[PDB]
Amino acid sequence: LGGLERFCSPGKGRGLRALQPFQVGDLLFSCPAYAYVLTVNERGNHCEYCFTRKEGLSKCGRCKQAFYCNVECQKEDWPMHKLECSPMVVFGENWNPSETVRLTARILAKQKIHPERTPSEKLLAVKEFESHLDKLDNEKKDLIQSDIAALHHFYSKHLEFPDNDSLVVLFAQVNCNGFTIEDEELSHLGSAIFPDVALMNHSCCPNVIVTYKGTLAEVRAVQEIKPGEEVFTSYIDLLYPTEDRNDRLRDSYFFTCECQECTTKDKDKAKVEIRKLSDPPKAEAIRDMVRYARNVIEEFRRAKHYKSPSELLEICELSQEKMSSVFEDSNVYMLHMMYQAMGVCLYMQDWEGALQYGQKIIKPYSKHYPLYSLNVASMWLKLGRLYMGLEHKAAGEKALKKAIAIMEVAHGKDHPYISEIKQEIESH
């Protein structure tokens, strides 16, 4: 709470303000999760209650699909696991609510259980969340209804559903204020709601970073903050040019960024770096390849749900072949396809393929992103772990050290993830 304040940020609604100075790597505040969910694919790898990544995980006898550190965690998570335990077994293979429906069901359960202001709502309350209901078109309003139907379909037993479709308000609120809990390699662990953290506005030049210590959100300065200065995070991936960033912010958050980077368009020429080839491309040759680039990102986005790894790798190489003609290999659109391919090799357990892609990525990655970037820290981590795994321990230790350098600021020097990497350098 201390040394910070809620205020009306002009043309940004409510926001967070500093009342004291903050230095690079300082914890402004922590926020316990108000409501949270462990992602289906991480069940058994982490405790459902505290999110501890351990090996001696005790399975829920009643459903065989919830794992905990012990019985104390099992007991504590029951008021929330109660919502899914029996349904999972009764519906079996037919149990498929989206993580949004899963999280929203828990928000409804927390309101029944704890109607009072929670210690997660010191400055902002879930009830007070911005919905953007008024800007929702007929397509978006319909998607919320598909999700309201699922909430009724699967969580009808223990929940008393509110008013009309003032559930449309709750779903829109989660869509606009919800959080994704990622791991040290930026892999999806789950979804949560953090009220006080949701008060911070967006900047493509963030002065803070949100990291997670179990289910607790921690906010640390990645730039020096002086009194009266507004505290800003990044809502989106900062690799992309101004237009791309702004299309994402408009679609998901109903606003346009007017920050230094968006006003100036500084990193745009380097991000979409054109080959300095004998006879230039032409204005329309760039614009046609950028239209092709965006299309292939989205085509791969779709494809990955239904194509084989080799089919998926072919898309990467053939996209990079067509674009190679116009675009430099440092070009963000080239980097995207290389990252995707690295991801495919990792899945196939092709460690050399993944390492040979990661090396091509890291240098332009560091350049296109800010100084302390989780995107670059995790890329150093994947590289260090690929090196260490393949027995190239010199290069592994250097890449792992590079990761730790960023993490000491973003995660804090005393973070479990950092003690884990240090123990990776000690043994192997």
Given for the second form:
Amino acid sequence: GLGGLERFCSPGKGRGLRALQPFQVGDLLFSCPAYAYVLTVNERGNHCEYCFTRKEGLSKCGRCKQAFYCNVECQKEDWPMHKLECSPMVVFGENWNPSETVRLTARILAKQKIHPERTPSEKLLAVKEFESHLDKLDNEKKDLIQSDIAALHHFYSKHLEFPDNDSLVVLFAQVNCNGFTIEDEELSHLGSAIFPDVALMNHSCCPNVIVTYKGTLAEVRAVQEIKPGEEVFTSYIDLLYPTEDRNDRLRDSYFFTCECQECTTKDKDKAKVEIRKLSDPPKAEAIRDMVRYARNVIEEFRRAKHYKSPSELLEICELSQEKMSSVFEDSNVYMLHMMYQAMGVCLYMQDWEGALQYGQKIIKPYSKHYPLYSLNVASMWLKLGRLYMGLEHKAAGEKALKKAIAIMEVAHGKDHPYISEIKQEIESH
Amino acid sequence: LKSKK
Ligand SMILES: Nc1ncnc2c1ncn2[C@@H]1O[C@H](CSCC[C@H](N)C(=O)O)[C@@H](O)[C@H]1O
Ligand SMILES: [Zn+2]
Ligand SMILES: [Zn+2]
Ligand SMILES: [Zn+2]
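What's the form solved in complex with the partner chain like, now that we've got the form solved without the partner chain?
Complete assembly follows, chain above in first position.
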């Protein structure tokens, strides 16, 4: 197992992770090497395929020209996994498009063939023991898993000996339930991975730990004091949202309803959905209509980013914020969601001034809605600092970068390479 | 997948 911790039966939460020793804020509970992992297509050339090191001058795989490495060692060590995609990418060419879930699942199957025994990533929970929620799957979810199974056979039949369709549905369901996205210091998606021992941790909306990444290594650090006998909880989702939104996401992706202190009390829901203090106060039904509109625009924008122009996308943000502002305060989470999306469009267009303009409005309400140590808060301070620094606003940049560092020292560890990079940014300018 | 953003 893992020193100072143990697997146990958490009443109403299946299996969980329990502390057997105290942990203070910022302490590393444990580390978990990735069981299986895949670098996202859009990050190829930026990060090494094998170790996820972000560096310039990465060496290109000579055959496919679509995998990049630190050196010949990272190339060689990645070959058992890379071979699943190398020749297929050149052969299928433009037709090579498996989903990231399919790409990850092919790597799980390859790992099971090479290393059928328990790995150092499975000291407490094994990939084979993962919860699947197979019994909870409706026709729509089974059809999506069937599309994934067809893509797996379509792109990965060369090296893999597939189990029956039934075992593959269980696997795809286990991956959807237990898979992790690996994000960088700005919360930008790097890839997907399996961290079995990390997946043992149950969810809370008031977590006592944060998961961070050092290359492909998951690290688990306390963000609250943990005492012997206490269960170790991480957040599976974005904590900005009110109770109903959080539980709609938890039910849809994880098939459960949270009953943590935040979900039971609903204490933060009022400030999250802050209403304007108007002479004629807005009616209950008028609030409910705007909350419904707000959730609809969030979905509309999500679809629109796949095909609309940057000006059309900014229009959706501006127009929706205008409609919402008649009922909602600027600190309201639905207003903040659109501002964050608008900031993202500005960043893509390299409109640094516009991105800064939005980030300045988001920061104070973010700090209030998110927990004490939050990667979403750290990431926003970091973006702001980098924008300020890039725009020659050095004092404001330094202040915002130091706010990012203060949170990251707890979540990522004082010695994290990301913090050394941020300090170099403060020192170089 | 289990994330922040
Ligand atoms: N706060 C919570 N309340 C109820 N169930 C939870 C929970 N957090 C996590 N889970 C359960 O754990 C699954 C994610 S995997 C976490 C380990 C799991 N308890 C197990 O025995 O394997 C969820 O889809 C859900 O079934
Ligand atoms: Zn490398
Ligand atoms: Zn290759
Ligand atoms: Zn909760």
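Numbering follows the first chain given and starts at 1. Note that the rigid core is defined as the largest set of C-alphas that superpose within 1.5 Å between two forms. Shifts are known only where both forms have a C-alpha.
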**Complete:** Core-superposed C-alpha displacement of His114 between the two forms, in angstrom, equals 0.2
